[PDB]
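A.B. asks: Spelled out, the chains give:
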Amino acid sequence: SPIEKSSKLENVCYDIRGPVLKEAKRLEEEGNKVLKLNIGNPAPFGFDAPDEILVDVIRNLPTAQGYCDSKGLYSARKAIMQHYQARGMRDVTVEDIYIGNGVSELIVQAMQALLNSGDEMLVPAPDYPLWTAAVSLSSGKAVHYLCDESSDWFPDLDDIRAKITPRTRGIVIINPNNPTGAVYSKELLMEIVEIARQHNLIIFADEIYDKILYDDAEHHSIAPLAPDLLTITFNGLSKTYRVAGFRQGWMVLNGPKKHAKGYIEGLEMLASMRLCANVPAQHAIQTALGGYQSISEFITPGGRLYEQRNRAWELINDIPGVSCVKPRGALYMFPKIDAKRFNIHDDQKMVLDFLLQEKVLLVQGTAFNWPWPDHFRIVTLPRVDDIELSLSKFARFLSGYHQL
Amino acid sequence: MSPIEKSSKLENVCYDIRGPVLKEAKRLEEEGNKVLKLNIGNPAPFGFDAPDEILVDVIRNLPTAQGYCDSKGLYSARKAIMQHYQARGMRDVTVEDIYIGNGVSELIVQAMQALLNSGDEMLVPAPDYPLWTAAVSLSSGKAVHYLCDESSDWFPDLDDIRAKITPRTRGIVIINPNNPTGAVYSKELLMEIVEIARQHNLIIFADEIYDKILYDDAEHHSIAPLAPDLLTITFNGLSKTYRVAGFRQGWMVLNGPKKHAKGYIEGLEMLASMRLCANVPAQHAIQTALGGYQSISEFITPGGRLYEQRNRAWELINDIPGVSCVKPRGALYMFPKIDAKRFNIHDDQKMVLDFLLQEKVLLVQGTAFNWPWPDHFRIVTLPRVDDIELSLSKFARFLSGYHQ
Ligand SMILES: *Cc1c(COP(=O)(O)O)cnc(C)c1O
Ligand SMILES: *Cc1c(COP(=O)(O)O)cnc(C)c1O
Numbered sequence: 002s003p004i005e006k007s008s009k010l011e012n013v014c015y016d017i018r019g020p021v022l023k024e025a026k027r028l029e030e031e032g033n034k035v036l037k038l039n040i041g042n043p044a045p046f047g048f049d050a051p052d053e054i055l056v057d058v059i060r061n062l063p064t065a066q067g068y069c070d071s072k073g074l075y076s077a078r079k080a081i082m083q084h085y086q087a088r089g090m091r092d093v094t095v096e097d098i099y100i101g102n103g104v105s106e107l108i109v110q111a112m113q114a115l116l117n118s119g120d121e122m123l124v125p126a127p128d129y130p131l132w133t134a135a136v137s138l139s140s141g142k143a144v145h146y147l148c149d150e151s152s153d154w155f156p157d158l159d160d161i162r163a164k165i166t167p168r169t170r171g172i173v174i175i176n177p178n179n180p181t182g183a184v185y186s187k188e189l190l191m192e193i194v195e196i197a198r199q200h201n202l203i204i205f206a207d208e209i210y211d212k213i214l215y216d217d218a219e220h221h222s223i224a225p226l227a228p229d230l231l232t233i234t235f236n237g238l239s240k241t242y243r244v245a246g247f248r249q250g251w252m253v254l255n256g257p258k259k260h261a262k263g264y265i266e267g268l269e270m271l272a273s274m275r276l277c278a279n280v281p282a283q284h285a286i287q288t289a290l291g292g293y294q295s296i297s298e299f300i301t302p303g304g305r306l307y308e309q310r311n312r313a314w315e316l317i318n319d320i321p322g323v324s325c326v327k328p329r330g331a332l333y334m335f336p337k338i339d340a341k342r343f344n345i346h347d348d349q350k351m352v353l354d355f356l357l358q359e360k361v362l363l364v365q366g367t368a369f370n371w372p373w374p375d376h377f378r379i380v381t382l383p384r385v386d387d388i389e390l391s392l393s394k395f396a397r398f399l400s401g402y403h404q405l
Numbered sequence: 001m002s003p004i005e006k007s008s009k010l011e012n013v014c015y016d017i018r019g020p021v022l023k024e025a026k027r028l029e030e031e032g033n034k035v036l037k038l039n040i041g042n043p044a045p046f047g048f049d050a051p052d053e054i055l056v057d058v059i060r061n062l063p064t065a066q067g068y069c070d071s072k073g074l075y076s077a078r079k080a081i082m083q084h085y086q087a088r089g090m091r092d093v094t095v096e097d098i099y100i101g102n103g104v105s106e107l108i109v110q111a112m113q114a115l116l117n118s119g120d121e122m123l124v125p126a127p128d129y130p131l132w133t134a135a136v137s138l139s140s141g142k143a144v145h146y147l148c149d150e151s152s153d154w155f156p157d158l159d160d161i162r163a164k165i166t167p168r169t170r171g172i173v174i175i176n177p178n179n180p181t182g183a184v185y186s187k188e189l190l191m192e193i194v195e196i197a198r199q200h201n202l203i204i205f206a207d208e209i210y211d212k213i214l215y216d217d218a219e220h221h222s223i224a225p226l227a228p229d230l231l232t233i234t235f236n237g238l239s240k241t242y243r244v245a246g247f248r249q250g251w252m253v254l255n256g257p258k259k260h261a262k263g264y265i266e267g268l269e270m271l272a273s274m275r276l277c278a279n280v281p282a283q284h285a286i287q288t289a290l291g292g293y294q295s296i297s298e299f300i301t302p303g304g305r306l307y308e309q310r311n312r313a314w315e316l317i318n319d320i321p322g323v324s325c326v327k328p329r330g331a332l333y334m335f336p337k338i339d340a341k342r343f344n345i346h347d348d349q350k351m352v353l354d355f356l357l358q359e360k361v362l363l364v365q366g367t368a369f370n371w372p373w374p375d376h377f378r379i380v381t382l383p384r385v386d387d388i389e390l391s392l393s394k395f396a397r398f399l400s401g402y403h404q
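Protein sequences, first through last, are from chains V and Y.
Letter 74 of the first sequence, counting from 1, is numbered 75 in the UniProt record's numbering, and no numbers are missing.
Letter 198 of the second sequence, counting from 1, is numbered 198 in the UniProt record's numbering, and no numbers are missing.
One chain only, chain V, in its complex shape:
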């Protein structure tokens, strides 16, 4: 009598961490070093937490050993409140803010309390794979709207309107975008709002990279651009403040809310179930959002994030058969590859073949629900030396690669 996985997991595929790592983990155990450009994890690439965060966590640790409120510490939620109040989200109270074990937990919770069987969620393609998985896990269906590579990976508005059904409950916006690195203009975001307003949709805004911007890139939160709509905004400390392991994220409810009291009680229900998010690291939030922002040094010209993005950009375009749109934010690149030139029918196989030959780990584009096997994603976190070595390996790999 076999015990298979539940039906709610039949479509689920969040695997940036998938069966390719099985061979990667094997190579590592054998002693071979594998350059992992697959995960946006700051610490393995030499990114340390700001001292101020570490100091305040250590200081409050003996006082944070018990359960806190399910929504999180008041002072932390107060800091989050003030942060968004300085962006035009004035009516946000501490009761509109939920702190969880990273944004990941809250994304799932937000969908669990919302979706029923048959319900549809508009999700970008390419996506952040958790969003698709979360919707599916919540018994909803992820309907993918296309992002337009020829338009700097901006969402296709005509595609979004065309894929709206009477079952669409909301639309997911990931801005700045993982994995394209796109930074959406205010004009486009205003178009999304109009669509959401006309079709009675809830806007979910994953803005976890809103402070990782390059050059003249300017982040616009969609929440204060939709003051008359109920919107939910996600952000955290993982990427911007390089403390992914502390698991600290939050979601903020903005807009009219009395028509959504039922949904809110569902969220408060899911938060109460697990009692609370981890407490000691919540004391870091106030220090992170307040005072000096250390991320400014990394994204400015000369900063390692800026230079690594530039270096990966130069090398990936100097490869025959590969092009890419330059990221204006976040930590990723989503290069297009001439699938016909290399006879690529399975982009996962290409990733696997590249791993086995050059010991470098990428993520195939279809893992981000891109309909075609002509893309992949690289992370710009590694040192310039590592990026140069891995991309030259990739160039050598592709020069003699004809997928069988």
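I should point out that these hints are in silico values taken from the structure, not numbers from a laboratory.
Hints may contain errors.
[As the list claims (entries may be wrong)] Selected chain V positions facing chain Y (in silico; Cβ < 8 Å):
no.: 1; residue: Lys6
no.: 2; residue: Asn42
no.: 3; residue: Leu55
no.: 4; residue: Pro63
no.: 5; residue: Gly103
no.: 6; residue: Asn201
no.: 7; residue: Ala245
no.: 8; residue: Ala261
no.: 9; residue: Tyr264
[As the list claims (entries may be wrong)] These stretches of chain V come out as covered by chain Y in the derived footprint (C-beta under 8 Å, 3 or more residues):
no.: 10; segment: 13–24
no.: 11; segment: 43–53
no.: 12; segment: 127–138
no.: 13; segment: 275–288
Every residue, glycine too, gets a C-beta built ideally from N, C-alpha and C.
Please arrange chain Y with the ligands on chain V, whose structure you already have, making use of the hints.
C.D. replies: Here is chain Y with the ligands on its own, set in the frame of chain V:
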């Protein structure tokens, strides 16, 4: 502006250790009233401090734990858990069979999500820890409650279990030592539960998070070694025993023949990587807690505060007219029975609410633990004695002239 209700999967979910009565208490606290909250097993506000050996290990390892770790958790942490259960006769367990989550709560939910399809039944004790019922319902499963026998030291009634087994039953939940009854099950009882699970091919889910909080000559028996031929999942953590609930550190261990449940395990691993990882810094405390000297021994012995508080609370609650209670041999709770007809109790939530409004003390009604009748409630034994009598002498005055 159509109404946004909570999802259908949350319609039959409660977990009311935290809710409307709790909501009232906080209002009272805002309003200038000091309230003695005995609703939750939270050690820290009752003068319980983190084992300083745990603190110094987390502090020292904090700068090295900023990034994502393996989804199942830190290797050294899982190493300790493996060895801990190795010593208790589960000699086949490896690191791959261990999942570290943000407290046991997260793992309980995940374990149900990956297992249960719509209509699938899970045997859950009555009374239960309400998260179990919530997690089953949340996963679209049905929580089928088997009664525990108050006249038999709150032991599960084996006849009631067998009478409620249907072809839809997937597994059975065992909370041992028990929340809320504080019962410590015998090896002979646990052995018969194994026999039941063996005949009907049921997965055993063992919540053994109080396995080290024992009184008198009470001996804990893990059901996993007693069922070496069955798949069993055991839950435990640092929250209660090691008084660091706020750190949110728990683990679940898979034991037995796992080949026939490959799909279910793949589901667990999927849910496991969906959130990337559990909070990493506090995972360095597992090795410290599980090894060397156990500080919990000072609290449980006849000199310890937990032993004493358990005593004085049991004797005080029994002397109250119309109230009786079975003495707990473990955990941190009591589940007193009240003579409903004497006070005309038809709703136990209103009773707890009245006691809160009358005397600023917060309890939890028994129906919050899925007990079918309004003739029970729960007391936590964490407060040191001074507040135990205060609140119980308070509870005595309340009942002396109460009529619902
Ligand atoms: C990295 C990432 C997350 C994960 O956030 P956590 O706070 O670490 O859980 C969520 N969404 C996006 C788009 C991400 O890139
Ligand atoms: C307190 C408790 C939990 C929750 O444990 P955490 O690790 O803090 O999430 C789970 N099960 C039982 C029986 C409990 O008493």
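A.B. asks: For the segment 275–288 of chain V, count the residues whose Cβ lies under 8 Å from any Cβ of chain Y; is that count three or more?
C.D. replies: holds (count 8)
A.B. asks: Checking hints one by one. Is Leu55(V) an interface residue toward chain Y, by the C-beta closer than 8 Å rule?
C.D. replies: holds, 6 Å
A.B. asks: How about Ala261(V): closest beta carbon in chain Y under 8 Å, or not?
C.D. replies: holds, 4 Å
A.B. asks: When the nearest CB of chain Y is found for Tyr264(V), is that gap smaller than 8 Å?
C.D. replies: Given a least distance of 4 Å, the restraint on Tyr264(V) holds.
A.B. asks: Using Cβ atoms only, decide whether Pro63(V) comes closer than 8 Å to chain Y, and label the hint accordingly.
C.D. replies: holds, 6 Å
A.B. asks: Is the coverage entry for the segment 43–53 of chain V by chain Y consistent with the three-residue Cβ rule at 8 Å?
C.D. replies: holds (count 6)
A.B. asks: Closer than 8 Å between Cβ atoms is the bar; does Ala245(V) clear it against chain Y? Give me holds or violated.
C.D. replies: Holds, because the Cβ-Cβ distance from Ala245(V) to chain Y comes to roughly 5 Å (cut-off 8 Å).
A.B. asks: Any CB of chain Y closer than 8 Å to the CB of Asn201(V)?
C.D. replies: Holds, about 6 Å.
A.B. asks: Under 8 Å between beta-carbons, do enough residues of the segment 13–24 of chain V, three at least, approach chain Y for the coverage claim to hold?
C.D. replies: Our answer is that it holds, as 4 residues pass the Cβ test (under 8 Å) against chain Y, meeting three.
A.B. asks: Please check whether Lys6(V) passes as an interface residue: C-beta within 8 Å of a C-beta belonging to chain Y.
C.D. replies: Constraint on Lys6(V) satisfied, holds at 3 Å.
A.B. asks: Does the CB of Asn42(V) sit less than 8 Å away from some CB of chain Y?
C.D. replies: Hint on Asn42(V): holds, closest Cβ of chain Y at ~5 Å, below 8 Å.
A.B. asks: With a cut-off of 8 Å between beta carbons, are at least three residues of the segment 127–138 of chain V near chain Y?
C.D. replies: Coverage by chain Y holds here, the residue count being 4 at a Cβ distance below 8 Å.
Of the hints listed earlier, there is not a single one the structure fails to meet.
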